[PDB]
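Of the protein chains in this complex, one is absent; all others appear in place.
Here the chain labels run A and B in written order, and each chain numbers its own residues starting at 1.
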Amino acid sequence: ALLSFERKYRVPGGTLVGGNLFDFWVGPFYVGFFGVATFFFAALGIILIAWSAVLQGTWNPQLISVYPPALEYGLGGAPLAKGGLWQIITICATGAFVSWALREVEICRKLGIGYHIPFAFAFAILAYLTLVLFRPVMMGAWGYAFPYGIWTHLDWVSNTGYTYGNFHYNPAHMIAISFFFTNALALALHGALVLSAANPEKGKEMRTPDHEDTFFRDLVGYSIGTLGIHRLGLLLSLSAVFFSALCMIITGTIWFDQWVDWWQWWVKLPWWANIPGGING
Amino acid sequence: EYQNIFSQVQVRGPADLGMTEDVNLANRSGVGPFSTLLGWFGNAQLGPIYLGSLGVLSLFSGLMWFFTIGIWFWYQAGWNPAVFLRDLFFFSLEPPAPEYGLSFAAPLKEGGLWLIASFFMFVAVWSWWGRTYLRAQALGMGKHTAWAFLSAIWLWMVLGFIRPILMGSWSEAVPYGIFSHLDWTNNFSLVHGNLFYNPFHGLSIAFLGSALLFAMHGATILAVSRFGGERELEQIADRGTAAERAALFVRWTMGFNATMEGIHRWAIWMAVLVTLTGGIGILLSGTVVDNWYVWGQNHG
Partner (left out) sequence: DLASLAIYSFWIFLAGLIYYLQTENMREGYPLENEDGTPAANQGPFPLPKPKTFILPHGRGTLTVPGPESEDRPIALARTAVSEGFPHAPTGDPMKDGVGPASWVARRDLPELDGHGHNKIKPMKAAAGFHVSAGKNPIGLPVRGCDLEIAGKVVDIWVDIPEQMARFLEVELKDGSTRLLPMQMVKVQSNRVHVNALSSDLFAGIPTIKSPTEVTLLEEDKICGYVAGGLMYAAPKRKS
């Protein structure tokens, strides 16, 4: 199961731990220690979800939902019946995500490339632990974390984001949505740019990177360039998730009231809080 | 180890007047300055920008739409700058009252000013759509940007044009304002019974997705910039080691593989699908389906 050019790269070494022990592949997949650890925490995980049905109810995956321990349990332990399963599954999830990230690192070393890819993964894991750890621990109960269920984590969002009025008024939520919208915009153009040059009009020759910069300059008067649009891609994405964890850890800890009323500090500024007219006052 | 998120050294040469081909050149401006500030991240040359017939029509219409709303903001602010700066996020230009329906002649202070700004917005965006097409044609390139731009237009058009006509009223559209179009997005979900139960809303989020793919692709080319991976076309026409390692990191990590041109096929489609499914979800909401919780109760 090798690519026609792949043999030269499958040299031993680069492992973080274990050495030449787990240095080997299974078909297209590289294993390493952390491929073993990932499959460990993974397989251990699915066992406990599948368990939560002997005691939870049906087998329909649209209905399985491992909810966290109740609020009365605090950060203390809980029986596996009601919440205890959640806590262990959360460990296997983290253990599988960290093992996945360290696995890519071993792969990066074998290839002699930069570590930029597992680093970008880290920001996703940060946002995950924000919701199932830091945001509750700081709150004092595991019942504040979202449950692991298909349509039941959407009900968590709809109930959590409405406890503070309309969530759109959370300011970091505002900034976080912006990057998500822009990064999506940035994908759209970058994907079209490369293709529009490598696949030009029928019968014409492959356009150069010059034809790409000339396009943007004609269209908006500036082109970020080939290396720029990639630096831009990494930032818009990591910043989107960044504020999407920031907007959560402030919500309910440093600010627990309606998010729309937070904006009153701007309206209630002394130099204009009393001039009549307009909407407010 | 050195990363590659900022440049250590900057070089600069004569202003790049760009490729020529069948471009008009008479509509290219004097080159702008070179900002060292941008040069650290990406490029530093500003301009030259091309402004044709359509380039002016859109830019004119766009200022016309922009100024129309702000005039209304000044009216609401009592022509007072303090009330303007304070209540800025709160002012709004709402569509005509539902009593008028699709009647194209409503009073200004009761929605007529809305349709004025919409006409400017309608001609500004479309004249810009045609601008993105002819800028590709003038260089003999694929029009893929104009085609993906249509997807954004699609959602935009459904939000404030097709759906209002299908529901028989202008009042179903979106008002122009910051805090106002946020509340519109809210109540829409509530009038139609939680858009979470909309299957197209779920897919549109899933493709939004783009943040995952654009995080990976950016990190991968930076990771292989040591082999000149940022030169993405010459690696298509002549695969280097930079494209081989990039393919094998994807192979060795998750399984299925990706070519240099192959990954951009994923890229453009991940984005265009965001607003593609999104427009379909809004189009059916209210016109065909009145409550997505009730629709989802029948599993379809």
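Definition applied: a contact is a pair of C-beta atoms (placed from the backbone, for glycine too) under 8 Å apart; a residue touches a chain by one contact, two chains touch by 3 or more.
> Decide which residue listed in A:14, A:161 or A:252 touches the omitted chain of the complex.
Checking the options A:14, A:161 or A:252, the one contacting the hidden chain is A:14.
> If I consider the whole complex, including the chain that's not displayed, which of A:64, A:102 or A:111 touches that chain?
The missing chain is touched by A:111.
> Out of B:68, B:76, B:241 or B:253, point to the residue that touches the absent chain in the complete complex.
B:241
> If the missing chain were put back, which residues of chain A would it touch?
Chain A touches the missing chain through residues 1-14, 20, 23-27, 109-113, 198, 203-211, 213-214, 225-227.
> In the full complex, which bits of chain B touch the chain not displayed? Write them out.
Residues touching the hidden chain, for chain B, are 1-2, 4, 7-14, 16, 19, 34, 36, 39-40, 43-45, 199-200, 203, 225-228, 231, 234, 236-244, 247, 256-263, 265-266, 269, 277, 280, 284, 288-289, 295, 298, 300.
Basically, only the chains that are shown with their structure count from here on.
> So in the complex, the part of chain B that touches chain A is made up of which residues?
1, 3-5, 16, 18-19, 21, 23, 28-29, 32, 38, 41-43, 45-50, 76-78, 80, 82-87, 89-91, 131-132, 135-145, 147-149, 151-152, 179, 182-183, 185-186, 194, 196, 208-226, 230-233, 236-237, 239, 244-245, 247-249, 251-257, 261, 264-272, 274
> Inside the complex, what are the residues of chain A that reach chain B?
3, 5-6, 9, 25, 28-30, 103-104, 107-108, 110-117, 119-120, 123-124, 151, 154-155, 157-158, 166, 168-169, 180, 183-201, 204, 206-211, 213-215, 217-238, 240-241, 263, 266-267, 269, 271-273, 275-280
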